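Chains shown are a subset, placed as in the full complex.
Chain naming follows the written order as A and B, and within any one chain the residues start at number 1.
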Amino acid sequence: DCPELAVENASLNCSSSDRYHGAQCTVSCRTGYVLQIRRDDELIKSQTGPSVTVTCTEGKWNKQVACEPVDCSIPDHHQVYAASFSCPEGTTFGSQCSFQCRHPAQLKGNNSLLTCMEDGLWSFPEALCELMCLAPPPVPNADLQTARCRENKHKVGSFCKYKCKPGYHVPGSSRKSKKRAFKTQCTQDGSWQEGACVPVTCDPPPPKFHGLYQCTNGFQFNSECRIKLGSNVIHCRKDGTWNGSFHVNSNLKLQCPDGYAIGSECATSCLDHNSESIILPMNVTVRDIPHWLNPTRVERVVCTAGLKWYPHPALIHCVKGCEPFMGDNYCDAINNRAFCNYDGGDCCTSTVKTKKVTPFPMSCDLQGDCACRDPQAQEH
Amino acid sequence: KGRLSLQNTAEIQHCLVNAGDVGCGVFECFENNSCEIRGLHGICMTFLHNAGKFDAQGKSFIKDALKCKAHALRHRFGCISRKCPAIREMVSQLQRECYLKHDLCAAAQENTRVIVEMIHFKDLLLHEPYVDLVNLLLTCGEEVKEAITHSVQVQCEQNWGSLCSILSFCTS
C-alpha cells in the first residue's frame, strides 16, 4: 500500500481512496508553474500534457513529479533601454524587479517594476527611461545661432549650428579659404559631440627676415611681427592678411648660384638620389624618428639677413627616402611610415581594393613592421 | 593523363576568378591540376620569400614579373585546347614573354648572387618553370653562367654523382 503523496505547488484532484496496486491519481501544476518528471519505474509513456498521472506500484509511486517554478531570465537588455536592473528577490514566478535609469535619462511613468508573469517572461515596463541630452558645454569663440541650444531640454539627435567668431575657425580649412560653420549633435550615449574653433594662424613671413623675427604673440591671433618706413608694424587682422612684407655638409650638397649673396634658391639633394633630406632641428636623427612622426619636406635655403640662421644644412638630415612602390596593392615594411604617406594606404585593409594585405617578404609579421599603423584607416 | 578533365575545370576557373593577381593566389589555385605542371607556385613563393636580398631594381622586377604572370595566366587561361602539351606551351610562352619584357637580364646583372644561390636543384628535376628560369637566366652574363654551373657542380656532389661525369665530359 502506497503512502500518501503531496507535491508542492499543484492541484491533486484525485480520489484514490484505497492506495492499492493500481491507485490511479492525477497531478496538475498550478498557473505559472511547469512540471518536472523524475521517474522511478515505468514501461510505457503517454503525452499527458501539463498534467500527469501517477500510479502506485509495490508501495511506491512510479513517478516523482515536482512543479518547479518558471525561470524568467535575468534582465540584461531588451526591457528598458540604458538602465540598471536590481532584482532584490530572484528570477522566479511572482518575483518583481526594480530598475533605475542612468544619470542623464529622466523617467516618465508611475510604475517602475518588472514582474515575472505567468508566461515565463518579464512584464511590460510601465515607465520608460526617456533619453534626453543635457545642456551643451558653451564652446568659446562661437556664436550660438540656434536659440534653443542655450537651454537644457534637447532631444537626442538635435542640430545646433555654431558659427565661429571672427579671428577663429573650425579646423579643416587652410589660411586661403575660411569656413566657420560646424554641426554638433547629441549622441546616442546622451552627450554632445565635441567640436571647437581654433584661432586663425597669422600668415608666415618671407624668409628674408625669418630667424631673427620676434612676433608679439607668434602664431596666435593679433600677433604683430617685427624684427629688432615700409611696414613697421604688421597687424594680424581677423582675415589674417599680411598688410606689408618685411622691409629692410658632407652628405648634403647644395650649389647655390648666389652663394653668400642672397635671393637665389639652392638645389637641395644628398649624394645619392635614394636618400631624401628633411629638416630635423629638435635633436632627432635619421633613425630616431618614430613611424607616427610627420616631418616636412626640405625647403631650399634662401640666404636671410646676415648669415643663414635657418636650420643649417647640417641640422637638415638626409634620411631613407621613398621608393616608387606607392599604391600598387603591395605593402612595404620600409615604407610603412607616415613620411612616405603609408605607401599610398597599401598597408591598410580599408584602402586596398582587394580587401587584403600582402607583405612583400613572406617572413614579415602582420602585426610587426608591415602592419597598418595608420590611425586614419578603419582600424580605429 | 593527357586531359585536365580529371580536375574540375570549373574548380580551377572559379578559384582563378575569385583570387587576385597581386599575390600568389593565382598559382595557388592553379597547382592542383590533372596534368603535372606544378612549379609556378614554388617560384612565386621563393621570389616573395627572399625579397630582402634583392635591390630596388630587383624588387621592382619581382613585383612586376609576378603581376604580369598572374594577369596573363588569368587572361589566357580562358580559351585554350585541353591537352597537357598545350598547357605546357602556354605556361612556358607566358613565362618567357613575361621575363623578357621586364628585363630579367638586368636583374641578373645587378644582383647575381641572390638569384643564383636559389637553384633548388632537387626541386628543378621535377618542376618545368624552374627549368624555364634556368635556361632563361644563363643567356645574360657569362660569369652568371659560370657561377651557376659551379654551384650545380657542387650540387651534383650533394645529390647525384653521374651528372658530374656527364656534364663535365664536353669538348673532349
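As a working rule, contacts are C-beta pairs under 8 Å (C-beta built on N, C-alpha and C of every residue); 3 or more make two chains touch, one makes a residue touch a chain.
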item	value
Composition of the entire complex, counting every copy that the file contains	A x2, B x1
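Keep in mind that, in the parts below, only the chains that are shown with their structure count from here on.
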item	value
Subunit A and subunit B, separation of their C-alpha mean positions in angstrom	48
For the subunit A and subunit B complex, residues of the former touching the latter	274, 323-325, 328-330, 354, 356, 358, 360-363
Complex contacts: residues of subunit B adjacent to subunit A	20, 22-23, 45, 48-52, 56, 59-60, 63
